[PDB]
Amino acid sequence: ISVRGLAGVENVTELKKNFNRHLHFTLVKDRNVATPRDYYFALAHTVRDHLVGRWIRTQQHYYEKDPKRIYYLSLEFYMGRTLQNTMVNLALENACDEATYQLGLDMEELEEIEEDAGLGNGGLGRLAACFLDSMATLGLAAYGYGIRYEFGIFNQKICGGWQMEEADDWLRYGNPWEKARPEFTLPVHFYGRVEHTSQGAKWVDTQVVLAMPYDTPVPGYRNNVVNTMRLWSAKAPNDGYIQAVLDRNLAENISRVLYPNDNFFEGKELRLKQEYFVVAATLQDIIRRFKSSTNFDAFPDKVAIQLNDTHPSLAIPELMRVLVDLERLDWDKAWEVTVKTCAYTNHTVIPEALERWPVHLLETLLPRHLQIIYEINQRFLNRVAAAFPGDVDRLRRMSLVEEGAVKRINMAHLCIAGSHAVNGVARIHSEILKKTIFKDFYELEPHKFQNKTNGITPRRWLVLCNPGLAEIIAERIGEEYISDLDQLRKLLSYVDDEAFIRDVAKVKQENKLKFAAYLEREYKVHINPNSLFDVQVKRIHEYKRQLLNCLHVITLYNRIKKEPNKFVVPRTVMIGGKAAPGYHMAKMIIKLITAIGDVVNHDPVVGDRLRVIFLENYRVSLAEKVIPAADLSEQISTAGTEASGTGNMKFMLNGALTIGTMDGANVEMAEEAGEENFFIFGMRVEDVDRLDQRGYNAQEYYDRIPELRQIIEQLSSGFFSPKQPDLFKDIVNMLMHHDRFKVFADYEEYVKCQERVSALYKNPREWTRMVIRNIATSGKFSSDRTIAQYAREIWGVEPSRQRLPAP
């Protein structure tokens, strides 16, 4: 049926009986009242049972061997569903498929019942999830530490073409994958004041909040390793009577909901609390575990802490506090230890996203940390002054403390000073960090800066979501590639294979028919599966330029209306993604997209030649559906703005061709497959700079491109908003007078490049041959490679593909 593992007779028999056991004793049901949901739970519990043995031995192994431990701190872990992923990594997929079949059930139907663990916004959260999977697969003693939000990323509903946010109550029916561990609850302190007494400072009169951990297993791919992801939950201590207990919820609000802010840094107190909460509980856990393994000289040899962005940056001053205040280590010794164990990863260069906490906030909530931060700053600036004597301006630029309206702490500067390694997430992004944003720091300590180009896990993003494609590949080169993606290169020798070409093209057509069906089943819309599937799915941001895509779509529509009887390659263009609740422009763009579809999708002259569809509630489980069905992947951010991107890598691995700018990882992807096999266009980072020196004037482009001018006039006159003629004045206004992302500047080259895409699509054989060359060269983008580099170049540990001594 596929290489989803063997379906042993004894194995299938055992599975079936355990399914019935759980249905009875665990769910307390019987075949006569069980709903599909109960069936899903019976299966989840049966599968989950196979993890227990491995989980216990893995943790036991690490105890005996005592290897260096990797702690990945993130406020986000975009996990998605875990039933199928668990079956895959355990080689249980076919056995469970058979067993449920014999029990008279459809496994695929049951899998659709599981809720997505949406504890992330997008790329950054999903990277942590892919990293966890790779770390387990490479046998690293790694622990993912975060917050267990009871409400993850909101569920997106489109009402009248507008986005509506709805609470994502993912724990409503329970989470069978987690294991509450109240025996390990730890106390976290807030507020209070600092007392300076004879022997050291003392943080007193603090308000206490408890951190209760919940452990979720993270299985490696067929190696019997099961690592742990520990998520903290806020609990009030039990020490008007009614009001007093009702007010417990104020302390527990800390882990209540994931902040959905993608673009702008707000600076809310609840978020700072969430950040200290995960940091404070995690460090106690880390040190406790270390004390078991007091000379902290060996701390860095046994501990590695990776900070996913600046969100968990308080780990630096908190490690110092514990080491200096509680362990009584001298400052210098404590600082040496801290720097050697901490490493920081940056994910963007846009200023509005940078965390710059008001000093008055830190002063009230974490008084001792502010004192430590000031001391760190003092000593750091003393180092700078000694290296660049008299460079008074460098001193103010490099300070962790920013003066002005209100004093703030630049968390990024804090992270650089307190880490032995700082990395970008794509070659071009890492270069930009050295050349611009962190130039001063790079000059001071060049050795700290590195690059670790992002990657995605081939298990979830190939084997799991595209079994058909994974099968035909395995049919030719074997299975070894699933944990060694570079082997995909061997597929180059089949680029002229008439059989393979036919197969590659066949799985894509099956994937498109499957998606086209799902679109009607759960959303009733109907699309032509013979058209080119043009998709752009990712969070809505101005820098991602969904607007540029919109301009092209309107252009295509305008050309058809001009020459109705001229042939054009049919296209179904799908755009999907969530907008941060307070991001007005982003919400206005979602409205534009739906407004375009209302005109285009109901124009009789257009027929089934052009369809504009907005994919509702884009999330991990939906991505697993659309991506394998896409023909064209849109990665069109303004050069220099997308640090890396990862959706781009997911499309490449699944047989879609890419049209994009030389931004983020796009650069390395084109470099791997060859620019001839990529649809590159638009300004490069340098062209953007040149335009900036000159001054970007959108009017110029409006005046010289008739097709563009016509589009803008359609928007202004209410062509796409009859009842509300001026509905889109904000978008037009932005495009013409304050477009930081130069949408117009790339319009002409984008449209022309899109014409070349349509031309190639007209030649099935050649389109597929180009696809084969993309899939065959996507090996570099596996997160196994990324993690192997982090392991070797930052953490100081050697990855191992050695199977663990059976379960």
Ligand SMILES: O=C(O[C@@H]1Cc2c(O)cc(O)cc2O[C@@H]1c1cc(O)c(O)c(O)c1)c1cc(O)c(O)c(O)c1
Contents of the next structure:
Number of protein chains: 2
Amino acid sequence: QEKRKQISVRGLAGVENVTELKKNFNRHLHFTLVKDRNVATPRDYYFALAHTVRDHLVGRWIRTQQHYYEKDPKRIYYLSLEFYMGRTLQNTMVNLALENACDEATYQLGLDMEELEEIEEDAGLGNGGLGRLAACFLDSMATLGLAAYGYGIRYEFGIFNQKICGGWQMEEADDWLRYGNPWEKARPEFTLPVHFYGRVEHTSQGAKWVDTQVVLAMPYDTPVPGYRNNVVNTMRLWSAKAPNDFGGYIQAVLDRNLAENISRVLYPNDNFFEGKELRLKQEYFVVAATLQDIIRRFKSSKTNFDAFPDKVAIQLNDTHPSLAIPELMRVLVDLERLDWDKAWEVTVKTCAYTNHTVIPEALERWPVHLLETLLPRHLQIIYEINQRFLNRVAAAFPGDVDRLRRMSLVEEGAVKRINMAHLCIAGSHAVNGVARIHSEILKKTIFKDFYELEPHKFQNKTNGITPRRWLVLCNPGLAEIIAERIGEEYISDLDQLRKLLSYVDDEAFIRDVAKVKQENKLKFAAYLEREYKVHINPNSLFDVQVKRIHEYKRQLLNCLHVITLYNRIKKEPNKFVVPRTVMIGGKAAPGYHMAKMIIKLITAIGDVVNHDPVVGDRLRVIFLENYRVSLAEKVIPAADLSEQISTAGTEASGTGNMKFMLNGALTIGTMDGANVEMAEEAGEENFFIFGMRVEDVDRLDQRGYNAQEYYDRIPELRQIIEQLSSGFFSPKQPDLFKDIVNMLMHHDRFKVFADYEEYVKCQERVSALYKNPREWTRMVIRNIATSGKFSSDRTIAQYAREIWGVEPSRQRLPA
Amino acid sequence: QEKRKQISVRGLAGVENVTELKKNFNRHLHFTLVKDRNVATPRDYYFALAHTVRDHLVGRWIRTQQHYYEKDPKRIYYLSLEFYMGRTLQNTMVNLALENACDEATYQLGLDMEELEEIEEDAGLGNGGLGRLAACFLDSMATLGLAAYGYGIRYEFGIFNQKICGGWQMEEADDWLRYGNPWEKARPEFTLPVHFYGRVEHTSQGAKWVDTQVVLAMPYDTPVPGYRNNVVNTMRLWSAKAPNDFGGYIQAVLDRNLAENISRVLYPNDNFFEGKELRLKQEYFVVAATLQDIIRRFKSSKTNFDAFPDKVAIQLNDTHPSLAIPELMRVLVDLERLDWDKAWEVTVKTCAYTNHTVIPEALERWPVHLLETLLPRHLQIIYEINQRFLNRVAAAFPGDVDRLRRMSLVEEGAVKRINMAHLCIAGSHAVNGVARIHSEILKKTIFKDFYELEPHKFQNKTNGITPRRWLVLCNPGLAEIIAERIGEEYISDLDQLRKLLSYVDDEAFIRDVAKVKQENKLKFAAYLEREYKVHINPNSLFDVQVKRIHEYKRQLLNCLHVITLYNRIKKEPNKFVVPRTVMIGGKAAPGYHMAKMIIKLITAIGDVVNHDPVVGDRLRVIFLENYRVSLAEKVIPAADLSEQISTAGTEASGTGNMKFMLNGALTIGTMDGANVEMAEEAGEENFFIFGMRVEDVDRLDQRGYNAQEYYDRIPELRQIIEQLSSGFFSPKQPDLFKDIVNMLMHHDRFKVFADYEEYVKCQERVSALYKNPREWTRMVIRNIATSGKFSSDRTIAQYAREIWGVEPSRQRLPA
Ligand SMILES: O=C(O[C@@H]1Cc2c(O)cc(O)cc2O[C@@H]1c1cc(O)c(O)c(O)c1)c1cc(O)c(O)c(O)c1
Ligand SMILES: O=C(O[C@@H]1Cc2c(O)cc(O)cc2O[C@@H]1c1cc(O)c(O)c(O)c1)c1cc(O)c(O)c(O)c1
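Got the form deposited without this ligand; could you also share the form deposited with this ligand bound?
Everything in the complex follows now, all chains and molecules, and the chain you saw is the first one.
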């Protein structure tokens, strides 16, 4: 479009810059793609543009890394099993100020750059929140000029591609590397050995881990550009490779696949613990290879290990990389021959742990038999850690035997296990939750004993989202009308959005905020037609719940509300209601029967609602297939209403909530996770808060939750349960939803019925405000204006000052 | 070196060409390798040079392929399971005239280009002769301006890397793609489906192959540059990929490995038949993907199929791609719905078959049960082919029932099999052997019945070697002293080497030929020290036997001779003998116990000979480890004597014989394969011919070979057998060589003892001529001078005119 090149926030199309970009595009098309414009497909054109844009990172990537070598600042290592990065082309162009120059260059070559962007595969190397947080954090650490390295696994297959067939989830391999990855640089020369199995012999010098099987770890380095500060940091992802040397010769060559299977695929369980050996191998693989890099980089700097914590921070994203603690002790004691006590002092000052959930089924509790087989030295070191840790508990709390049993790294039972969260707290100088309410819940419930031993360890770091991906990239319309009033500094100083409260009565801004949402809604609706032949009413309220499918997130409560709207229309057909397009999307874990049945119930409700001629365009319900970072960038800027309806106490933070607030949706939600802080920043008068508070949930748990009480007292609820139970939503198979009905009536841990009436009444308040466009938009302005706290720059600046001990900086390197 | 830049055959170092090469080298080092000269290793420098040289292919590669589209000449498809390509960097620089310019460019950057060349991995995608012939053929077809495409498999692992440990072969995976392949272009956009298993339903339109498992075939295209004619042809290698859509989700993602195992590794059996299902899958994979390309390319040209043979030749390199015949019939009949008879007329005019051995254990005879399971439609079509073929035999030879049984594609027995050689002859308009004697042996023995039915089918095409790789690349010294007298035209017109017979009495040339061999011997000896701490006497005769280890090649006869020289020294220590360095190298098939014992016997003989202080530097025996194309380019130009000592009738052609003749070694050999034609070209007076002729072997077979007769009549032979038997060469394990002794005495199919006395006497004639340097060199001149027939340009020109029906051309395209 002509209009989009006019957007100032997208930078300058310098005449020489355009000329060079076209020359380099054509050069890559010829020498890199080995095509000419005769045979070139849109995919060749995307790749020619990606190689051209990637060439602009290289000088800064080399200069940044040389700068870290020269200045020797403290290095931050962000260890994660997941980096939900999404696409790279737009992000690179935004962060290097090339967006308008590439748009003009490709326009002059007769190409639509927006069409080329849609060709790129997501780097879908995460499940959801925790993975996307890692991605926002790498972006913020680069923008803040930290010497920061993401370390993870280069999965051959990311989070599965979700197809919906017959209204059911089907899973397909996410072959994201099919056409190559133009961003990464293979570093086979920096390949490192990782050891498994074997046994411990305790010799003269001490212990020795021998008779191991070797898997090599080959690093692939991806650039991470800061926002217009010429900083380019590194994400290093390890790929598994069979060792050089060794059924027959042929079978031995094919058996190289077993070692290489370690980096084959992301576990799609959204943090729910499965105890798979292959998952333990992935966790050890990332930790072992990463810590060898850290130790090597430390020794080749301006061996004595007292300075190690002054030069190294290791941030553990959940317990997934918790083996970092025993592995660093193994390296320091067995290989560097430090005394246990010195090694432990170093380890604890180096390591910090971030907890992302209180849900007990998320907790990693590895069988000791599995650890003894796979990692015999690690289990010895863990027992030693536990003995010395519990000695300290006994000394602080003499005779508190119950506290010793509760705090032990070792869990007794049929199967003896190691609690990896207890290991993380024992081995870390800082433990943080990811929202104020969550960090308090840690100190009062699941880590109370640890808090009483070492209160100074416990911190809060409220999550955030990068305002580059989550406003400038995905919503350039909104970024522009904001820049037109307060300039561009807010893009890396998001608290400046508070200036927008000066505009709540400004006729032009009220007009502009509503026009941007309408433009976003027209574009998203076009898509739902062009690529899925699905019609949506563009004058309807876009009611959006997008996140992984879990009972705790209560997609089912949204289902009860949708059926309530259908049933109220059928009862009073002549009564006006605010038209709604209810959009639910998200992946279910491939096992999880209940999650898959919930997806089927959403599509089944659609089958009835969407074909009822009495309803027509007044209510539509659509399951958004294959929800992922790229789709989030499309639907979130188009949303009117943000569904954040987890049972109070279950969602640690959320980050999708923050994306919606930044992009001009109003929120309906419980007082859970960061929804509490979002309501506080904006004022509760500007949020649709409903339902039980954490205290209310605890009171119900104390007397026992009886779903029958709610069914017996709420006629509209009885009608819906009777429709699901009798087969109104599955006439060819009347018993289809019996398991959902049985769970809701008898085994509902997330108290869906207890929030049903407050939810429905809150949703009437949403409709009532939507009927007043001007007042809807003024409340939106009050939300966008107060979304600044939820920048990951704020979050990372807190990690840097309160945990890592490094001072952030927005000052530019040269180019 | 300063001297090597002076070599005119290596071309011009133009000042602007040098300037541009350095600029492009530095550009690739920065943008492609993402390094600077601070951290760059020799391997980064090799890759920067390879990308720079590869950029020079691209325009010509695109223009050549556009030219074939424009002119629509008949296309030649060379189908092979093997392309033994070796390294590409030097070959590319020679064929584009860039060698001196890159040498000067890298010299000016402070680098040694020869050192960078040694970093490149061989593309070791073959076993030996047949694979290397495919590689010489692609080079010759490009040099002759044919519209020719090599089609094969992109094996992840080529021919195993051979280590020698304890004097034994050990096999390691040839991870040739570890650091990437800068030559190939991945073409994932041109990926094609290949079908396996399933069943045939015979419907209204006719047969339909349904319920199949799909494996995708992803092509990788490698450039094949002609010699200074601006032609760049394509080698397309298929890689196996799991189909996009589908133990659990995780196991299903890991199970993608089973389909991908099809292209994992080259079968290392040097043509010996094993009947492995995975090998049958590889053969079908290459044929099915290739024939879809051929059919598509045919339909998109200037559907009617009568012109198909005028636009397509398919050359079958051995029976490995024999399924091309039933697959083309399947496509034409089942998918294009041609009548059987029209389809068959097309298939036979399209297909031709090259036979590479008479040894019955090489013959592919697939169980019908395996074909019925894997390829049910192919087996139906093969039976139909057989019925109609045998109908024709019955009509030509009425009542010859024995001939029907002998000629059938179907072999009866405990296990019913398909004879793939019989299928190839039935389905091909031409059948060729690879040397005059071999092609006659085919018409008189194993294909006599087929010859009597269709004599016009049977041709000879004597093998050849490319004089680019096998003289200009590997022996620039020799190429230069030749160019100094007759100019450069001989490099693509090798018959011009006959001009050198004018120089047999030229003092300067005699001096120069001997100086080049000495320079080659000094360089090879340096290597045997620098990279293996092995000392060799540079004034010794370099006696070289390099080829795959097989009983038929009689490395054991060479062993008997070496022990004879040792025993004669010990008996008369004071008697002068011509010092020898006896070098034997080659890979044994990983199964093949006897081949592995023969390697151990060579190293064991070395252990005694090389440490006997009475022998000292008068006799040394070394096993050259990991013999492969790159090592052949080093040892062959250094050789004095070429060992070509196969039992008469067993070696179809040989090509290593031709390499040695071209590079100034004299030959000791039997009248076998192309040794016969080499002796004819040079004159037998200029070859060390010995032993039984084919007629002599047949006479022995008629009365029965009794090794005992030879043992009883030859004292020197008895002494050696008694040394092997008693444990003289294995004192710590006296019975080590009992199996070799038992085979030689009782089960020797290759009549080693029958050629022993003539071999030893012939070797005395070699020593006697070596004592006269001037006469040795004059006989070398007479060999090099007559080596011109053995150019693969001569061979390919015969294929083009006598089988493919296309006229070759050495005329230049524009650049
Ligand atoms: O459906 C349209 O886009 C799709 C939806 C969409 C969105 O909701 C937000 C966003 O950030 C990008 C976005 O890209 C989508 C898209 C898909 C394509 O296949 C494509 O070629 C393209 O240009 C784009 C569309 C229709 C239009 O009529 C149009 O003019 C346009 O620019 C775009
Ligand atoms: O051993 C030397 O080379 C090795 C043997 C050899 C050969 O026999 C023929 C040939 O075509 C090339 C060839 O490359 C070998 C080689 C190996 C290396 O590791 C290397 O760095 C190199 O420059 C080369 C050598 C010694 C020398 O003293 C010397 O000056 C030289 O140029 C080379």
